[PDB]
Amino acid sequence: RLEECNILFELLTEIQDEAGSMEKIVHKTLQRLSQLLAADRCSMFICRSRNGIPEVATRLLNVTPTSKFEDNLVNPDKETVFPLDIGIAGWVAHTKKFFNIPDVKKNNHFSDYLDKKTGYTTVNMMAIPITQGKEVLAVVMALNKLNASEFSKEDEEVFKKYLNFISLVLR
Amino acid sequence: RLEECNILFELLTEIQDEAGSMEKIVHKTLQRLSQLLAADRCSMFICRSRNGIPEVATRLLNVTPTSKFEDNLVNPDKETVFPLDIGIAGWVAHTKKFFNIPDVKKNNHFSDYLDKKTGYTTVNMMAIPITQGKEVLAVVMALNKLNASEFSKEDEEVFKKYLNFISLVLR
Amino acid sequence: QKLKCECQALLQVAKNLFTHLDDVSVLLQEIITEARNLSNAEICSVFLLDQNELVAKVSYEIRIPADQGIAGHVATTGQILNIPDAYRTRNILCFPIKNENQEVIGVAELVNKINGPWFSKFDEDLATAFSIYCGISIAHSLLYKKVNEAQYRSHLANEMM
Amino acid sequence: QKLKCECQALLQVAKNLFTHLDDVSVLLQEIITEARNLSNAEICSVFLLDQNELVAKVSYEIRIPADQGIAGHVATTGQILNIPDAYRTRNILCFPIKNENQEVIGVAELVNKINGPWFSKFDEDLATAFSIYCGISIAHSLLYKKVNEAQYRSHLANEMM
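Protein chains in written order, with this note's numbering: chain A, 1 to 171; chain B, 1 to 171; chain C, 1 to 161; chain D, 1 to 161.
Just so you know, the hints here were simulated from the structure itself, not pulled from any lab data.
Mixed in with the good hints, there may be bad ones.
To be verified - Derived PhoX-like pairs: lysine-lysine, alpha-carbon spacing no greater than 25 Å straight-line: (1) C:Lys146 x D:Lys146; (2) D:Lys15 x C:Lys146; (3) B:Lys161 x A:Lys68; (4) B:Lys161 x A:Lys145; (5) C:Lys2 x D:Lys146; (6) B:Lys96 x B:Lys134; (7) A:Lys145 x A:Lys116; (8) C:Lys2 x A:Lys78; (9) A:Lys78 x C:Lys121; (10) C:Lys15 x D:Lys2; (11) B:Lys78 x D:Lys2.
Whenever a hint applies, use it, and build me the whole structure from the sequences.
Structure follows, in structure tokens:
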């Protein structure tokens, strides 16, 4: 297929030294997500542990097929933070089954407060678990399809195609 | 929309300096094509003039949403070269009308020899004119959609969204 | 993304400071300029250790023993050491000048960040990488001036024969 | 992609050659190594002009007047000048060593490209940018050596008084 291969390659070229790598790598991967998924935009939350409970605090936000990582650096005091019982972010944190979510409005558990924090308008979503140690560390979502209401199956294949890589990076 | 804006920005963050710029910018723009269009791959032909007749000699070839310029750098002696009467490459060179081509098998004039030169299997295509001076200098195509047989209309919008920029670069 | 640009900042500091070996004073001009331009610190001071005491022009001299002080504690240690709350000073990036080694040739300290009111851990190691080029420029330009003054004064002693 | 490396190779030649000012011979070792690595040329030779004659160690010396020769013609001009068909020599990138200026301090010539049997127009300007770092390293390390030998022999004359 080669796409994912030299896309993640060229993506690793795009990275340069600063502080400062893997998070922006996941950023660029969100870019590739909103590209091959033809999404208007994307986002990711860290699920960093505390009190023995991982918390799906927002990190990357309003990520487009771009949106600069500098733009997405929300203050941890100001970041939206999801406990395991709130949102499909914390629900994937709570279940870790792969989840096509054709309509969050119907395939619920979703927290639409993300629309508040991002200013984005949620319609549908998908997710796969991402973990380090015993801890969970990430949740990822595509946002607003550009050309049509919904994905066909090979786009879901793309969704695994780069969320598996996001799974690979934050570890 | 922000996509193409910071996509071209970050695309320019991809690069140092070599020889070795604008054609490769069109290359990475082909990457952005095969990404946001969710194409398997892409290609571009220079339409460089000679004998008063521009010729749509192949340049970038087997461009994926990736593929290095060296991977695509065919020898000019060995490059496939289209006169205005052969292929929709030379036909867009001959007409310059914007062309949705839902099936090259039916929306013909297309030269399927490109399948020979690239090893790719053509099914459908789209194109817009690209000119330097009085001369025409480029032709661009997306190749094999991943999730479905065909684009919905806003993908055609993305197609204009980056072929317009491809027009912008080689000038 | 933005990542390349701060590496090319190292490109700039390289192509600059390696061309300014002819005089350490002009070298200080270019360094203070580039540093006030890029470090985002409103001010800074650059100590230079000598056995058990730091030396700094910030051209009135400023001095502080390696045992005394917090920056002097850095002279004792060479630890990069952020001070997000300084006590319009409000933070200090206190890191060694260094050069060939982690050994304390001196102790720089930046003050008052632009973009993010606190110094970050990002506002540490990058300053150290900047201090690679600066440290080489200092050790080798001083290596140049010492040979100049000394070996020149030698032929000044050559006088009688 | 691939398009972002060769400049950082200039970062490599910078961080190298600017740290090897202590001796010209080691500088030649690092230069011949880095050049046979990056230029893809099987061989090379580097002339150095002196008024009307070029000088080269390629440590037996090699000499050619600025008026005579094709490379000498480059010494007369300083034109970067590819020779895709040399006549296992098969091509020569004949470009000036240069340094501070387009003035001909010398005349390099690369031979036998890897990747594409001919030297490209790409196999020209990159050699010049490489010759920025190499040219500064030459002019300034030799600037260091002349000061060394001369000012040292001065104190050798200081001996009686």
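Here is how each hint holds up against the structure:
At most 25 Å may separate the alpha-carbon atoms for a hinted pair to count; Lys146 of chain C and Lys146 of chain D meet this at roughly 16 Å. As the CA atoms of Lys15 of chain D and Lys146 of chain C are separated by approximately 23 Å, the hinted pair is consistent with the 25 Å bound. Proposed proximity of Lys161 of chain B and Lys68 of chain A is supported: the alpha carbons are some 20 Å apart, at most 25 Å. For the hint linking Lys161 of chain B to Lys145 of chain A, the alpha-carbon distance of about 16 Å falls within 25 Å, and the restraint holds.
As the CA atoms of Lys2 of chain C and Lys146 of chain D are separated by approximately 43 Å, the hinted pair breaks the 25 Å bound. For the hint linking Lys96 of chain B to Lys134 of chain B, the alpha-carbon distance of about 13 Å falls within 25 Å, and the restraint holds. About 19 Å separates the Cα atoms of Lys145 of chain A and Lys116 of chain A, which keeps this hinted pair within 25 Å; it holds. A hinted pair counts as satisfied when its Cα atoms are at most 25 Å apart, and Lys2 of chain C with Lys78 of chain A qualifies at roughly 24 Å.
Taking the CA atoms of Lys78 of chain A and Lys121 of chain C, the gap is about 19 Å. The hint holds against a cut of 25 Å. In summary, the hint linking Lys15 of chain C to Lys2 of chain D is supported, as the alpha carbons are separated by about 24 Å, within the 25 Å threshold. For the suggested pair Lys78 of chain B and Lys2 of chain D, the alpha carbons sit about 23 Å apart, so the restraint of at most 25 Å is met.
In this structure, only the earlier hint numbered 5 is contradicted, and the remaining ones agree with it.
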